[PDB]
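Here is what each chain is made of, one letter per residue.
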Amino acid sequence: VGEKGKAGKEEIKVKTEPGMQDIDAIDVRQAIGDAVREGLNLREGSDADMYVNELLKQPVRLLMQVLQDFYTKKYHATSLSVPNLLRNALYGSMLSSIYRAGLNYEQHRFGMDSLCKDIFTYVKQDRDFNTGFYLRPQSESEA
Amino acid sequence: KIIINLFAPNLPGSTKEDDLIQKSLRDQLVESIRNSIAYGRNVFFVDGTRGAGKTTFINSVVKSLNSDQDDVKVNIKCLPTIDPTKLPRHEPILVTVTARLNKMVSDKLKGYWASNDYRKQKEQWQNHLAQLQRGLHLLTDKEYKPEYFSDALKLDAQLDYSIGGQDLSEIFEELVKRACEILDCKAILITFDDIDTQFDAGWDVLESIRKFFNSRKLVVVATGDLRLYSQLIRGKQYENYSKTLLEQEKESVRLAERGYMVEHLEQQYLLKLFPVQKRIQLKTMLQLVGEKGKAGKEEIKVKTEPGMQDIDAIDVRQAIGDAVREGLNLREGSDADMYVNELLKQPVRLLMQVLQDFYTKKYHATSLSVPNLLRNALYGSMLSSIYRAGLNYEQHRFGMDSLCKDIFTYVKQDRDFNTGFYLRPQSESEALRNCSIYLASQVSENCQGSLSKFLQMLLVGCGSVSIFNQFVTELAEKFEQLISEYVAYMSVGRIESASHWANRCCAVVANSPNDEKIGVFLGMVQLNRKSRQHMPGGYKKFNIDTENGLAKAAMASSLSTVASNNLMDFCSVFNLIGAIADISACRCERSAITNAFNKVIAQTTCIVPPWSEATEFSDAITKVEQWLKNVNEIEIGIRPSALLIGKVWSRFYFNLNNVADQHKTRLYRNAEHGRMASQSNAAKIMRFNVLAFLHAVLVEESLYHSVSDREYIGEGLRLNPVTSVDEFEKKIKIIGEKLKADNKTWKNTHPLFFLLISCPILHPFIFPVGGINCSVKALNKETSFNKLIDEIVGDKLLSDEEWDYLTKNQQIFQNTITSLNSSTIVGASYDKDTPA
Amino acid sequence: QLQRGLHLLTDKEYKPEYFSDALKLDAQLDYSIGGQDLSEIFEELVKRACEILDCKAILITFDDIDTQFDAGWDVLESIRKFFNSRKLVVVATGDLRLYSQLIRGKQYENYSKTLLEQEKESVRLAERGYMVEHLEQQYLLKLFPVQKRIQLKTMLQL
Ligand SMILES: Nc1ncnc2c1ncn2[C@@H]1O[C@H](COP(=O)(O)OP(=O)(O)OP(=O)(O)O)[C@@H](O)[C@H]1O
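Which chain is which? The protein sequence lines are C, A and H, in order. Going letter by letter, the first sequence gives residues 317 to 395, 411 to 474 in PDB author numbering. Going letter by letter, the second sequence gives residues 13 to 51, 68 to 395, 411 to 519, 526 to 663, 704 to 898, 907 to 933 in PDB author numbering. Going by PDB author numbering, the third sequence opens with residue 159, and the numbers climb by one from there.
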């Protein structure tokens, strides 16, 4: 699908609601971009571009599981907390990488001090000190 | 409406509707299952840690789907829940599913009313069972036999079998399809119980689901822990590797990618089996009850005593709090609910067995010692954590000595020597966080209805933690060896008396290498034991016989002697605290008070530790006996806590650091009078040291003692005065006019502080002769300060002439130390003078 | 009847077919405990032998295990499991610090080999040593009461 400015090999579209017409199906990058931008609270910039690109680099199974879980939960909730709903979707797929790092994998332990421990564990695992706290996917390890 | 009955059995089998903690999940999981059938593998997962209630929850789902069989348009038949841990070791899961499915089909065959309908479908079911019978060896074979090839080519099975290879996946798929026709259902629900007891057995469950349960006629729900499944799956992907490659490619460049590859295999294996959109997390009790005031997800109530109805139930958050508010002797605030929050995050099995062992022994006792009831509950509930943390397990030794040993070892592992003696449930570990509330119930139990034992935790429990931190740790494996000497020297867990520990503690504060040779240590002053030439002012060798009856007795307890290279008499404040603890243990008899007064000064031979390289007397016992009778009449209603004991020591210990160095240099030639705040002679160092402890018991106990419901110190800055008395005076002044506003006494609100301000030993230290500052404003605050003490105590400490003699620079005093200021402190050569 | 139950001593596995012979009460001796109890069969065997021999008790004597101290584990296990009756007196000889070394090795065999390798930290290893030392000091106390222990004296003492 390219890199948001390239005429890619294929044009993939996603139906994010039940009964959506194939004609009115938004682009795959936009569907992922909607979750990242409205979930991680980002604007139109290189910060969101690298997140969505990294989600494209994920396996198709992992990509669809994030896509399916996020939008299926979103539709039921609307009948908001998009970051929370995305946190539900991001949790399941990015769960095996949590254990490889040492994150907080208990929802009851979703304490603000744990995130400080999590990020400190993250930046320690990232091995970058002056830029690790940016929470950028600049690492060379998929975890 | 979730009403948990604590006196009910509260077991997965005995759990019914209206007391299911997980009800929104059960309602929404059933709908998700039904919708997936109305429209490959259809597998749902219910996640949760051990004891989260997976077995209780998943049984309700089977019950929910079983009820109203024909009424629901979508028909689902549920097999009985399969528990992999209780199955035979080598019995395949496919055998278990078929055996349970066969009985469900067989009972339906016996239910028909038409002979031909029953006869025709019975042989079809038997035909599929025979095919499965023929092919089960494909699972349990250690090798292939050429005789099987001729059986594989047998295409006379009479069924479709779109692929012919004797595929057990296809044989079971047709068997399930036939079973749905007989049972008249759209799908069959295979249910798997959690594997937390033995997760080794969960590999066959995982393998069977992907190999055999791929039919659209099958829906699977499994419970367990994903992190427990992950280590199970990842431990199998390591078995796919060739072992020879493992030792040969041991380099970190290939071992990293090998660990990376297994993570990729584990990540997709978990995603292949359990889709994320099908997963469900069992919410913890904290996640269901909410926070302090914010409304939670559901509202849940509990029944604490038998025989009440549902309207008498109370919320689980309150019931756990009341067991901690009373069990740990904590008032409502940010330090009591953190224990409730920590218990809410605990597994439900662990939480029920806390609220059961507590209230079962509370209703059977009230038909008390609530701290003792909770401690018994938390002893068994946290028992595995206690063994892991290396504490004392014997219930027949739950005494004062064991508790002080636990505190030292708890902070030895908590890595928190600064504030780790609050026993706060704040540690990153799980065992130490569990023992943080078991030990916090130990303190609230042993130090309940007592004063001698409360100071024992304050001085020996919290004290030995702090003295190690600042005076012994600098010498440190060595650290474990050093503790093997520090605990042995200080006799932690085997003390005789608080003064005996103090006679060793005062050495330790001096054993540590301190510069400038000044004898103003932390919480003590090293009074010179001899004299020489060039002694300016009225300064001489310290004398004990100079003081009168009570003054001699009070300072005799305060004195300590170390048997170093040269014997060094030490006067401290821990000895006063040690003596009070020893005296408060003595009963009303006057034949034993003199023993607690004389065991402290004589026969004291404290050798340096291995890590160190180098009749007016009767007029005081009548006051002690009166105070001792005043102790036993109020000390019963004393309700302290591990937080309060630690917090009091925290304020107390910081003052000793302030006094030690702020008065270290302020010693000059004209310091004997102590008229001005600049002069800080040895009679002022210890005057503030005692006032430091009286203030630590003043502010901290006004904040956390559970007997008081509303604050008394009030909004302001708490600076624990050193070199001054004004802010100490004002806080007593505020409470005096505060207790009068609501017409409340000075005894019930501050039972702990009242019995220490009225202690006969501390009285000659409040107003010494080299003490009180004599400026116009200093006497202005101290005139009311002495009056305030007399008012709260109930009797005058100094008469009109006694105060006037101290303010204006002879009449002997028995309730006031005199010769202390004349004494000179070791290493303080007064070659200078006090600046104006 | 003792021969019928000897297989339990030497069997390397349980035979489900023997459960039918572990349920028969056809014996007129009327053993109070459930069927196939070697500890009980030997008790009436010894009780019967006391009547024939016309004696109050039978003295079972064991030599020392100096030349092979692994052979003494069966002696220790047979004494507690079987030789516990008012009709039986047992006298054993041998180095007590050799029996202790033999019992200590057996108490370590009750630990799973995976746990021993996976928990080598000092805090757990020291606790294991305390448990093993406590376990084998009580084993000697039950097997050999202190008031019945006798220590041979050497020439220097005599
Ligand atoms: N809905 C409930 N109502 C009351 N008590 C409950 C409930 N759910 C769980 N409990 C309590 O918590 C305990 C947890 O046991 P449960 O079997 O439900 O959990 P599990 O650890 O996932 O299962 P298993 O015993 O199979 O390992 C129960 O024994 C019971 O005491």
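Simulated from the structure, these hints should not be mistaken for lab results. Careful: at least some of the hints might be erroneous.
[Said to hold, decoys possible] Result set (DSSO-like, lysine-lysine): computed pairs, CA atoms no more than 30 Å apart in a straight line:
hint, chain 1, residue 1, chain 2, residue 2
1, A, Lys300, C, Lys331
2, A, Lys829, A, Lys885
3, H, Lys271, A, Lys170
4, A, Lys718, A, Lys836
5, A, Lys527, H, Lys173
6, C, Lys389, A, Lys101
7, C, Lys448, H, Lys278
8, A, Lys278, H, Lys271
9, A, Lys320, A, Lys827
10, H, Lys271, A, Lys114
11, A, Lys322, C, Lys389
12, A, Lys170, H, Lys173
13, A, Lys827, C, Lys448
14, H, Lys173, A, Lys271
Right, here's what the structure says about each hint:
About 22 Å separates the Cα atoms of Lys300 (chain A) and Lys331 (chain C), which keeps this hinted pair within 30 Å; it holds. The straight-line distance between the Cα atoms of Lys829 (chain A) and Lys885 (chain A) is roughly 21 Å, inside the 30 Å bound, and the hint therefore holds. For the proposed pair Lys271 (chain H) and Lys170 (chain A), the alpha carbon gap of about 27 Å is at most 30 Å, so the pair holds. A C-alpha spacing of about 14 Å is found between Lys718 (chain A) and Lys836 (chain A), which places the hinted pair at or below 30 Å, so the restraint holds.
For the suggested pair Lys527 (chain A) and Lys173 (chain H), the alpha carbons sit about 57 Å apart, so the restraint of at most 30 Å is broken. As the CA atoms of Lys389 (chain C) and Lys101 (chain A) are separated by approximately 25 Å, the hinted pair is consistent with the 30 Å bound. With a C-alpha separation of about 28 Å, the suggested pair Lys448 (chain C) and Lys278 (chain H) falls inside the 30 Å cut-off, and the hint holds. The straight-line distance between the Cα atoms of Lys278 (chain A) and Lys271 (chain H) is roughly 25 Å, inside the 30 Å bound, and the hint therefore holds.
For the hint pairing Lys320 (chain A) with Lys827 (chain A), the CA-to-CA distance comes to about 29 Å; that is within 30 Å, so the pair holds. For the hint linking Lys271 (chain H) to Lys114 (chain A), the alpha-carbon distance of about 24 Å falls within 30 Å, and the restraint holds. Taking the CA atoms of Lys322 (chain A) and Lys389 (chain C), the gap is near 24 Å; set against the 30 Å cutoff, the hint holds. Restraint check: the Cα-Cα separation between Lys170 (chain A) and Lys173 (chain H) comes to about 23 Å, which is no more than 30 Å; the hinted pair holds.
This hinted pair does not check out: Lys827 (chain A) and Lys448 (chain C) have alpha carbons roughly 44 Å apart, beyond 30 Å. At most 30 Å may separate the alpha-carbon atoms for a hinted pair to count; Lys173 (chain H) and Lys271 (chain A) exceed this at roughly 37 Å.
The structure is inconsistent with the numbered hints 5, 13 and 14, although it conforms to all the rest.
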